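Just the one chain here, laid out as C-alpha cells, in the form deposited in one PDB entry.
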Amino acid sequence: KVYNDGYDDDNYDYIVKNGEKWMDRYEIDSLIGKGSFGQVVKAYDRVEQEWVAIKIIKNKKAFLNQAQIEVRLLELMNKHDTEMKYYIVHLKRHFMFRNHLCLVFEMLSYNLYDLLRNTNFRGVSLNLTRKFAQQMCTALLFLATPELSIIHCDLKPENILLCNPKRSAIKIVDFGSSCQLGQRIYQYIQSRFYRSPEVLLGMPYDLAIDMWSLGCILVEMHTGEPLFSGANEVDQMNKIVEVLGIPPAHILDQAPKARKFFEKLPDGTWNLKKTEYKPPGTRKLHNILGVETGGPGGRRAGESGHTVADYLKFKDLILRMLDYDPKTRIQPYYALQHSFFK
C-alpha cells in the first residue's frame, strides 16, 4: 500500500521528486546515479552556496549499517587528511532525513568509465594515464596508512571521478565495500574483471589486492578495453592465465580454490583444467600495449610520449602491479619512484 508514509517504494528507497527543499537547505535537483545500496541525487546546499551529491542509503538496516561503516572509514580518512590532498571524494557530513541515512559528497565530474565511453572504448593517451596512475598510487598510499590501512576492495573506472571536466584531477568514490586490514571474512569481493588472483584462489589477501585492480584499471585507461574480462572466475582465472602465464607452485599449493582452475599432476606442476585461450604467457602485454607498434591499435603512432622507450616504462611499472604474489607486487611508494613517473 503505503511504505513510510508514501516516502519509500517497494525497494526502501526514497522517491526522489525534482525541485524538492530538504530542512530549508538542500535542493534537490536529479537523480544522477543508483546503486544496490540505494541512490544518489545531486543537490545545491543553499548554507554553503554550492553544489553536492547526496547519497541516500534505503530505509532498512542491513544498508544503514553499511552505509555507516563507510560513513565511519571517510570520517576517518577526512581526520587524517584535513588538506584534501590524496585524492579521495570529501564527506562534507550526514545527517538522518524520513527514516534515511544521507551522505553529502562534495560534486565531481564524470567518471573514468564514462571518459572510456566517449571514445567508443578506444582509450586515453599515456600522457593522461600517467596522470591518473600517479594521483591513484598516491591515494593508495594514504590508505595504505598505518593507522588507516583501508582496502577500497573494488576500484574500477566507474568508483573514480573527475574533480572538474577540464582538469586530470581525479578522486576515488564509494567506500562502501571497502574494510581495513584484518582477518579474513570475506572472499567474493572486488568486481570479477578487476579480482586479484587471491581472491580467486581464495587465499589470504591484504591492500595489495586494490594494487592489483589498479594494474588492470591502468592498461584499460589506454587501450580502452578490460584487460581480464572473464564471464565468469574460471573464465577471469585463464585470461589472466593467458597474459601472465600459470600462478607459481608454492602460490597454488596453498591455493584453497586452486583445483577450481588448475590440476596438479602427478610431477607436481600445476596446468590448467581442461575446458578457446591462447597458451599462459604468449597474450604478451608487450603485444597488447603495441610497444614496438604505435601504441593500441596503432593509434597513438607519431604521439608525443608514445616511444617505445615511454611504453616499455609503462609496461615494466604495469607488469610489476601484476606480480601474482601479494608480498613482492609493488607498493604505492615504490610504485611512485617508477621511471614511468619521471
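Residue numbers count along the first chain shown, from 1. Think of the rigid core as the biggest set of C-alphas that the two forms share within 1.5 Å after superposition. What changes on going to the form deposited in another entry:
- When the two forms are superposed on their rigid core between the two forms, the C-alpha shift of 2 Å or more among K42, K34, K284, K60 belongs solely to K60.
- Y86 is among the residues whose C-alpha shifts by 2 Å or more between the two forms once the rigid core is aligned.
- Fitting the two forms on the rigid core leaves the C-alpha of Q183 displaced by at least 2 angstroms between the two forms.
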Contents of the next structure:
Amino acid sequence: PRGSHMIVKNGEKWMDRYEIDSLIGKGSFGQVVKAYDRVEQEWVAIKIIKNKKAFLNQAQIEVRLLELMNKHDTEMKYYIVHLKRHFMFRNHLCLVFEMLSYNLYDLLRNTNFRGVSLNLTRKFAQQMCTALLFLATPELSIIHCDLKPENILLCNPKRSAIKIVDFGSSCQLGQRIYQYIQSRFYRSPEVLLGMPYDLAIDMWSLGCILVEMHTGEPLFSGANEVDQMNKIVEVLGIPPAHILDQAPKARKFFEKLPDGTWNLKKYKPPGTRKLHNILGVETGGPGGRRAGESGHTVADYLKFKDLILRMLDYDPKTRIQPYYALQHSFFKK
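Instead of the form deposited in one PDB entry shown above, give the structure for the form deposited in another entry, please.
This part shows the chain on its own.
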C-alpha cells in the first residue's frame, strides 16, 4: 500500500480485462500506462491518478468535463481525446483514453528543433482553433488552462490530425479554482498579473505554441514569472494601463509613475524585439532555413504574423476568438 503512485507491474492483468504492457509516462497527476483491452480488443492509454485527495478531486473534474464534451453531437469534439470509461482500481481513479501517437514537442525534437513547415503549422492551427471553438460552446465553456506542445498529441505518426489531452488543470467559465495555472512559457499575461481569466487564455497559449511549432524555440522562455513577463514585454511592449490598473500582481513586474502610466522595475526595450524579426519574415524564416522554399513567401509570413499578434493581444476582451481566427486570411484556400 506504500507511496501515492500505483505499483504498476509490467504484464499483469486488471479486472480480467486490461493487460498492462508498459508505463508510457509519469507527471504530477500520476502515470499513464499502455494496456490491451481484451473486451473491446484495442490498445488503450490508462491515466492512473495518484492516490492523493488533491489529484483525485482534480481528476473528478477532468472526468466530468470529458463526459460533458464526449456527449456533444458536433464532430469538432474529435479534436478532444476520447474518454472510453473510468473506474476505481486499487484505490486509484483510472481514466481510459484512446491510444494516440507522440506530442508536438516530440515532433519538434524529430526536426532537431528547426520547426515544421508554415504549411504544417497552419494544419495544426486550424485544428486547434476548431477545438477551442468546440470548447467555447455555451453548454461547455471549458478552459484547458494547460495547452503546450506536450498536451497536443498526433493520432498517427504519418498524419497531421491532432487531439488535445490533459484536462487536469481544466475548468468551466465561473468555476476558476487555481490562481496559478498554465505552463509558464504558454501562460497568458492576465494569469501572470493574477487576474480572473476566461477561455481567451487558451488562445494566448495557442499563439505561443504556433510560433514555437515553426521556429522550434519557445516564444517566451521565462525561467520565472518576472523573466516570463519581461520576455513578453520585450516583444509586445508594456500592457494597457487599463489592465494593470485592475491587475492584482501588477506591481510584481511594473511601476506606476506620477504621470499615471506604467513601466518596468530594476533585457531588450519594450516591443523592440519584433515578432516579424523572430519569424525571419524577410530574411528566409527562422534561422534562414525557409529561404526561397514554397509556402514561405513574405506574404505567407505576414498573414501568420498578423494572426499570431491577434492571439497575443494583452486585452482578453479584444483578443481573437476561435470563430474569427478560423475566418482569418491565414486559412483561406
